[PDB]
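Listed below, chain by chain, are the residues.
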Amino acid sequence: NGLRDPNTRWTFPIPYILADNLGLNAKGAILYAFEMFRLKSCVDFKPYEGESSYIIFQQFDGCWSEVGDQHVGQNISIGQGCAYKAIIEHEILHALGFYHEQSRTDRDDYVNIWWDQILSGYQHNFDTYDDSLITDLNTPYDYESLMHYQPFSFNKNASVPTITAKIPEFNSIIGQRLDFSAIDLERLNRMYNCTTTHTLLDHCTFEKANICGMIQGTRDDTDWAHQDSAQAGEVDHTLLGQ
Amino acid sequence: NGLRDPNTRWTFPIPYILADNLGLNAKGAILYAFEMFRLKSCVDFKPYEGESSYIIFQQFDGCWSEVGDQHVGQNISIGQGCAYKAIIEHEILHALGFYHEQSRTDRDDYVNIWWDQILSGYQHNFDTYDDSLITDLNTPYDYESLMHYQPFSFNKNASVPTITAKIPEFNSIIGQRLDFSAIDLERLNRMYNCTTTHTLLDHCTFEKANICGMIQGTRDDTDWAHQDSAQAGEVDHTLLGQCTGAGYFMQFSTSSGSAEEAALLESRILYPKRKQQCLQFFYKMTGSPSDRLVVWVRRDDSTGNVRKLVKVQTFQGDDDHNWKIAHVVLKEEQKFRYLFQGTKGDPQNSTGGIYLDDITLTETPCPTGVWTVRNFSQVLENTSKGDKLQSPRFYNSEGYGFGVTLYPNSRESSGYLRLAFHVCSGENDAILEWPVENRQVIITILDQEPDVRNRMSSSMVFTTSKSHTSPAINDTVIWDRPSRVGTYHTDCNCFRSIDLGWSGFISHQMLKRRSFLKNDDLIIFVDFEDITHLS
Amino acid sequence: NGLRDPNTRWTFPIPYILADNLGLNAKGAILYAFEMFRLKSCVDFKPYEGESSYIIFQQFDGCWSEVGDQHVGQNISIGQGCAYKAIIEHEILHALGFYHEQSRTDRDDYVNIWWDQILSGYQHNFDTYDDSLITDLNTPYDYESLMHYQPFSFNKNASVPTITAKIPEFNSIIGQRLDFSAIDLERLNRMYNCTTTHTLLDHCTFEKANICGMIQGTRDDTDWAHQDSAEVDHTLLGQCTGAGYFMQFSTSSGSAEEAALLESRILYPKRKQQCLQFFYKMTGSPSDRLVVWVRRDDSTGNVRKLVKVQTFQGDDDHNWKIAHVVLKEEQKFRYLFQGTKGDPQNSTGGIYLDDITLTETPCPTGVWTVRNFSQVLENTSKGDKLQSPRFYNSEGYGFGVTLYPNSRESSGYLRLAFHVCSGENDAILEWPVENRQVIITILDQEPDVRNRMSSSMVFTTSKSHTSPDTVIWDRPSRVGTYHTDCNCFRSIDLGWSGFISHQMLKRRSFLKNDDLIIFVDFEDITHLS
Amino acid sequence: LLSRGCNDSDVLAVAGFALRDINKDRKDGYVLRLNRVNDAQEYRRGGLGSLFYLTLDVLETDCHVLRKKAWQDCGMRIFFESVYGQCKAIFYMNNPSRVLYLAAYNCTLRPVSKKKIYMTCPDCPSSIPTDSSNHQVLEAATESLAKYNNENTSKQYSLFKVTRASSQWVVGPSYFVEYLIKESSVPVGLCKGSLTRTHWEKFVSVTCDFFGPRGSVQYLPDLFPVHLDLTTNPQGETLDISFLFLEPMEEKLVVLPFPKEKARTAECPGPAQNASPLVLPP
Ligand SMILES: *[C@@H]1O[C@H](CO[C@@H]2O[C@@H](C)[C@@H](O)[C@@H](O)[C@@H]2O)[C@@H](O[C@@H]2O[C@H](CO)[C@@H](O[C@@H]3O[C@H](CO)[C@@H](O)[C@H](O)[C@@H]3O)[C@H](O)[C@H]2NC(C)=O)[C@H](O)[C@H]1NC(C)=O
Ligand SMILES: *[C@@H]1O[C@H](CO[C@@H]2O[C@@H](C)[C@@H](O)[C@@H](O)[C@@H]2O)[C@@H](O[C@@H]2O[C@H](CO)[C@@H](O[C@@H]3O[C@H](CO)[C@@H](O)[C@H](O)[C@@H]3O)[C@H](O)[C@H]2NC(C)=O)[C@H](O)[C@H]1NC(C)=O
Ligand SMILES: *[C@@H]1O[C@H](CO)[C@@H](O[C@@H]2O[C@H](CO)[C@@H](O[C@@H]3O[C@H](CO)[C@@H](O)[C@H](O)[C@H]3NC(C)=O)[C@H](O)[C@H]2NC(C)=O)[C@H](O)[C@H]1NC(C)=O
Ligand SMILES: *[C@@H]1O[C@H](CO)[C@@H](O[C@@H]2O[C@H](CO)[C@@H](O[C@@H]3O[C@H](CO)[C@@H](O)[C@H](O)[C@H]3NC(C)=O)[C@H](O)[C@H]2NC(C)=O)[C@H](O)[C@H]1NC(C)=O
Ligand SMILES: *[C@@H]1O[C@H](CO)[C@@H](O[C@@H]2O[C@H](CO)[C@@H](O)[C@H](O)[C@H]2NC(C)=O)[C@H](O)[C@H]1NC(C)=O
Ligand SMILES: *[C@@H]1O[C@H](CO)[C@@H](O[C@@H]2O[C@H](CO)[C@@H](O)[C@H](O)[C@H]2NC(C)=O)[C@H](O)[C@H]1NC(C)=O
Ligand SMILES: *[C@@H]1O[C@H](CO)[C@@H](O[C@@H]2O[C@H](CO)[C@@H](O)[C@H](O)[C@H]2NC(C)=O)[C@H](O)[C@H]1NC(C)=O
Ligand SMILES: *[C@@H]1O[C@H](CO)[C@@H](O[C@@H]2O[C@H](CO)[C@@H](O)[C@H](O)[C@H]2NC(C)=O)[C@H](O)[C@H]1NC(C)=O
Ligand SMILES: *[C@@H]1O[C@H](CO)[C@@H](O[C@@H]2O[C@H](CO)[C@@H](O)[C@H](O)[C@H]2NC(C)=O)[C@H](O)[C@H]1NC(C)=O
Ligand SMILES: *[C@@H]1O[C@H](CO)[C@@H](O)[C@H](O)[C@H]1NC(C)=O
Ligand SMILES: *[C@@H]1O[C@H](CO)[C@@H](O)[C@H](O)[C@H]1NC(C)=O
Ligand SMILES: [Ca+2]
Ligand SMILES: [Ca+2]
Ligand SMILES: [Ca+2]
Ligand SMILES: [Ca+2]
Ligand SMILES: [Ca+2]
Ligand SMILES: [Zn+2]
Ligand SMILES: [Zn+2]
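Residue numbers (PDB author numbering), protein chains in the order written: chain B, 66 to 307; chain D, 66 to 600; chain C, 66 to 295, 299 to 536, 540 to 600; chain H, 31 to 214, 231 to 257, 299 to 310, 324 to 382.
Next up, chain B with everything else stripped away, as it sits in the complex:
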């Protein structure tokens, strides 16, 4: 679902303005979304200093972004309730050249669109783009994607889903608003050549015998066992003896 043309790619840090029409709750939610980007990708943000393109975030009507870097600098809107971190993250993924997951070229292999159940005047929000416009980034269609729309989106009747997964399990999943999915990060990283997150400094689960390059001191008396999770109650926290 990424915009193919490499000119549409930002160059980090994306300079940003927060407009003063934003509530405090929306300004703080934006900066919290930036921390998630910086924490899960090489995407970075800076305050504005006269750059040619930049995001201005706004409390305009609705919650929306142009897709990819418009080289004049661009609005994003964050209307009421879009203060939720995941909705900021979704709009910033549009700003980072990403279309909705149900707008993939291959989307019809994965999701039904119930055109008959869409509100008249809103069927075009389920358009799909050709592969000259968008890459797959060599990724599968992801139901867990933050870019996906939930089942009850643009529907005539509140009880009837506009969009459903052809693998029927995923009806209970599509359009999650938790966070980026693992494939949304995999895509974002393929799009921006990100190999290292700005804030994940280290992590370790000891699954490997080099213990994540920890060492044991010699000034101390003794050593910690690297323990195999095999004993009757003494399981690890990563796998819980699974």
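Among the clues, some could well be false.
[To be verified] Taking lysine-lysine pairs in the DSS-like style, the calculated list, with each CA pair at most 30 Å apart, reads:
id : chain 1 : residue 1 : chain 2 : residue 2
1  : B       : 150       : D       : 273
2  : H       : 238       : B       : 150
3  : H       : 54        : H       : 98
4  : H       : 177       : H       : 248
5  : D       : 400       : C       : 111
6  : D       : 376       : C       : 396
7  : C       : 338       : D       : 376
Treat the hints as calculated values from the structure; they're not laboratory data.
For chain B, the structure is supplied; the task is to place chains D, C and H with the ligands on it using the hints.
For chains D, C and H with the ligands alone, coordinates are given in the frame of chain B:
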């Protein structure tokens, strides 16, 4: 261990020259090492065409490289005996701005250097560097690093190591020369901003209910189950029942219904970068012998519509019910999807199904021959020193028949596996050129991990050569027509050449480590292809 | 019959537009007609890219073309029933600059026009032009010309011919729709300074002692004889004394596993795919093996990389058999024949090789040889039938043809009719199968393609083909009739009552060895939509 | 008839004045900005001025016509709800007499193309018809009005009509609207507002601003034909104009049939105020 200064970086592809002082074997091995870079990283290489910086590869004294891009262009030496892919990968990692692992700033925390055991005047080869010269790329010290020196490096006494791990288990692992370590790829990717790699086009292990973006047909009859390994005696190949609630495979039952019912597992649309691919996968056919697993390719018709169908291969149920490896050569230059038609034959005579797991699609040649030994750990215990196993005869692109001899317990060294190539007589021999003069032999012990980047396979390389002779054949070339030179085997009704290859291709401890025996079985790839065109 | 004005000569490739008012069948049949031009002449065609003059092919009323290059570009009409190879070749020959053969200046010397039998308001359709407008290209009048009118053309009384040859035997021959005649190709060659074809890459009947520049291996045990028909060849069947030539590798003597390579000249493929046709016999042991190989370029300009491409074995049939091997060469190469002895003690014979032909085209998807076909015609009642073995297309659709050797519908005609067979793939294929162009071709069996005038009928499997009332091309297991004859559910058969007349089948080497060879293609043309 | 350039200094001013007259004439909808002159042609009559025939490209501004602003007093609307299109107008000019007059006009307008908006910004609130079939747009405007009545204790207001509407579904069904009101008259001001439901939290917002010739406007479905003639007569029509003059002296104007666009100059259409292919007319 990376050279910090960003001026020392290459810009891909790295332009290169192979000097003619390289033997054909060395030229061929260098190209094979590039195919590993192109398969495990975004590193790429191009023939030289007038660039300011480039690598020239030459057979000088020993095997060495300057570190990072020297902007005037630079030598890599690959001296005699350095042809194995891991040594080339180690030198190319030096040209790609890496130092040895035991030269990290923090190395003293992870390894002991027994200075008094180092040969005099060789202490410097163990000089560490400071953090101004080098980044850790925010990665731990990796004993399994290809850059790490072997325990016996520059040592005075052949019984005594120069360098040992402070975690004593890694004494046995430091200076592995299988492949890139997982962390060496991580560091190379963090250095060169890689995320994709040029030659891994797809893979799937099914661990995710998304099934790797595979889809199920509707013009077929039924569906493959996304079968959970929880059912007794019915595990996946990725984890083989190691994880509860979490091994997955596709399963097409053939035990019930009509004959010739089918289900088309269909992959997501793929955009090949090369003219050839190898779809590898693991499968079972425990159902009827008339069951067919057929692999199909749905390809673009040039209108942007992936609807055209091409049957590429068929598999059928032998008496072996255990997880088999498959390879299918695909030849897709246009967007395509790989497909698996499961097909029921005689459900009245099926008690099982067709199964899939551990799918891997690389934009490479396939292994020319593929040999699997069942219950290897049990073979390896039961077999005496100097006993042998022989691979079934395989035919190369040119039609030369060949096989590998595996001697599970090497008589030449305890705790080593000896693995040796031979030409077999075969149906084509009467028209082929003899002796084999320039056919490179690559033997690989597959690390059975679906993601190629995770894999650290072991591989040894030689080129059949005029110099290869024995008194046992009156000092004539080993590669001459096997009827004239080889020895007869009713074991396949073949002659087989004298067998050349390595006592201690790999050690038993090294084979046990890295889960090479994933199912307790052993999978050996062989390639055998003419490299004359590199002369 | 060529337009004299040299300003009217196209410069190749002719850029073309296939207008979307053409049915899929017409689009595919026009692309098939272009292949015949590229295979028999230096004429070539390209998709349109803004050129000044070009041909736009359109489904208008009937079949017609302006004659020669109109420098602003021009129409060709291909209406209902107009979408057959020879009819398209006729209209493209008009655009290339040819008039009808009976419009020759000297036509009166060769034909009678029965003016009184022409429809009123059609008299000018039989006009003849002076030698200022036209050119004979210094060629005789050709009764066999594709540009010639059929005898019953534009007649009042359907029983009565409008046009007849003065030599009365040619009246049956005139107005042939098999394809271009030798003279038509010769006139085309002279008009466009053609010297060779684009997709005839090689051919060899061995009639010349240099064996078409073929060479024998030294990295083998033995050689093929260049055998003299003193037991005969396939090009002449022993019709001419002392000139029948064919390569023969005897397997009745020596050890088994003994072999000989025969290798072609080095050949420079202009396309990615070629078809190596040949005729062969394997009168020797069942274990003898005729293996076709390619010695291709090893990428250093040295033709040495072997690739085994196909093996042929010996059946009880020891008559000349037609082979095809798809080659996929994009770099210079030799095609090779490894003849191999298996069990010489149980060979009384050998392997044979004649009439090799290499074209830069797809191979025929299915190929059926009906033996002793004159005998079949003498044996077989009207409405009795024969059915091909079950071919499979590139997509895996199982298919075959029905032959009614004496048509029930009229005396002295074949009916050939395609049908879709059930096959091992059907459960995954789409149904009905449609947009799949069937081409049925009776092979003419000249070893030189330019000499060949194969008869070919084309149609596209379609939704409109429904038999009272589901599409005939729907899945054979549920709309086909079962056959114990191959364990196949063959479908309802569609094709042509009168594909060719017996009296035309007697001529042109359609039955060259007293046997009939039918090619079939059954290929998806949905990508032309 | 003289074809004239769209960048000509007289034609540019005349088009602005004509568009301002159209905005003043309009009893409902919004003040239109002149994106550019699109064609211009002139009938010449010696000393007593000329008759101009103009084709325009135009955009909808942020001001309703009951506010009575000129279009230079008004901002550019947001891209995701821009209304765009074309006008034909007939206009007499005589600068020596200081006489200028819009004779007649017709205009065709559209909301910006819904596909081209989606492609530019997938989450942008897509614009929709304001008629009473959309119950939920009426709920949005009446909820925002109820919030305004609850916020403003001095006076209470009632819905006259809904003038613009759009919606988005990301956080949930989210409607955005503009509408007219009167106290509890000619409509007294333009309201702007919204209604949004999540599954749990709900939001409403509101802000409100308190404030013949032959011709027409039509709002069509999205992807510009314009029917206009005061006469069919090839001689033209001797239409009275005496009432335009400060002393209403006996004066009549020969209105020729509207000059066809086949007579366009290479100086037409002109330079645009907003050249974006979303909202620049064909
Ligand atoms: C039914 O299918 C079995 C094999 O399939 C297995 O058994 C079914 C009952 C179901 O449980 C299936 O799900 C399951 O996979 C056929 O048995 C096999 O037949 C072949 C051919 O006769 C035997 O092969 C031969 O084996 C000898 C050595 O033993 C070789 O020398 C020969 O060259 C050849 O390979 C094979 O041994 C045999 N296997 C077993 C386990 O019996 C069975 O014939 C079939 N029955 C019918 C009526 O279809
Ligand atoms: C020796 O080779 C013959 C066939 O080859 C022919 O005879 C040799 C002696 C030489 O003269 C060759 O130059 C010549 O080409 C073998 O005979 C054939 O064996 C096959 C297999 O059994 C038979 O096929 C079967 O036939 C029946 C009908 O009879 C069918 O129903 C079956 O489906 C199947 O096709 C074939 O008929 C038979 N042909 C003849 C003419 O006998 C022979 O087996 C072989 N012997 C040895 C010991 O190698
Ligand atoms: C992420 O990494 C990508 C490589 O994996 C980068 O892609 C390369 O970007 C180059 C420009 O920065 C491209 O060069 C251009 O190539 C085209 C022909 O394809 C030429 O016409 C242009 O003139 C040339 N531009 C210049 C200035 O020379 C590379 O072709 C391109 N390579 C590939 C494989 O796409 C991405 O730029 C990078 N993206 C980010 C945001 O980091
Ligand atoms: C891997 O990705 C890195 C970003 O994550 C790239 O690092 C950036 O490269 C820029 C040049 O392409 C550097 O800009 C230059 O910085 C120096 C000071 O370091 C200035 O003197 C130069 O003026 C400036 N260039 C220009 C044109 O002004 C960035 O500083 C640098 N950023 C960081 C954080 O390192 C790597 O280049 C890239 N490497 C590879 C091998 O792909
Ligand atoms: C919304 O959709 C539901 C399901 O299609 C409709 O519910 C049914 O309505 C009929 C009357 O029209 C009842 O007899 C059924 O019992 C209802 N089914 C259920 C599951 O409750 C509902 O009417 C629709 N509402 C609107 C406004 O469209
Ligand atoms: C090399 O190292 C080995 C192992 O430490 C040395 O072996 C010792 O040799 C002496 C006799 O010379 C024996 O008494 C010891 O028992 C051996 N030790 C072991 C552990 O086996 C060897 O001498 C060293 N040689 C040199 C030249 O350094
Ligand atoms: C092909 O033939 C058609 C007529 O069947 C030509 O179309 C006509 O062209 C003239 C001149 O432009 C028009 O006045 C007619 O209205 C057209 N008629 C139709 C039915 O379209 C067409 O121009 C010809 N094209 C060429 C290249 O010869
Ligand atoms: C078409 O030509 C045939 C042959 O010349 C005509 O057939 C003859 O018709 C007359 C009656 O009009 C019969 O008495 C003759 O016996 C027929 N002769 C033959 C050979 O059958 C036929 O009349 C013509 N028909 C038309 C419509 O012109
Ligand atoms: C964000 O969108 C607003 C429109 O809502 C743009 O602001 C308009 O800009 C033009 C040109 O200066 C003015 O004519 C309008 O009066 C402005 N309207 C408002 C409400 O301010 C703004 O320029 C856009 N900004 C970016 C960075 O895209
Ligand atoms: C492998 O070992 C098992 C016992 O654990 C035995 O049942 C099986 O037959 C063996 N398979 C082979 C091929 O030796
Ligand atoms: C063909 O005719 C010959 C006689 O000339 C006869 O011997 C042979 O059996 C016939 N073969 C077939 C296949 O009809
Ligand atoms: Ca300690
Ligand atoms: Ca299915
Ligand atoms: Ca698995
Ligand atoms: Ca011959
Ligand atoms: Ca020879
Ligand atoms: Zn004609
Ligand atoms: Zn969105």
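Status of each hint after checking the structure:
| no. | hint | verdict |
| --- | --- | --- |
| 1 | B:150 to D:273 | holds (26 Å) |
| 2 | H:238 to B:150 | holds (27 Å) |
| 3 | H:54 to H:98 | holds (7 Å) |
| 4 | H:177 to H:248 | holds (13 Å) |
| 5 | D:400 to C:111 | holds (24 Å) |
| 6 | D:376 to C:396 | holds (17 Å) |
| 7 | C:338 to D:376 | holds (27 Å) |
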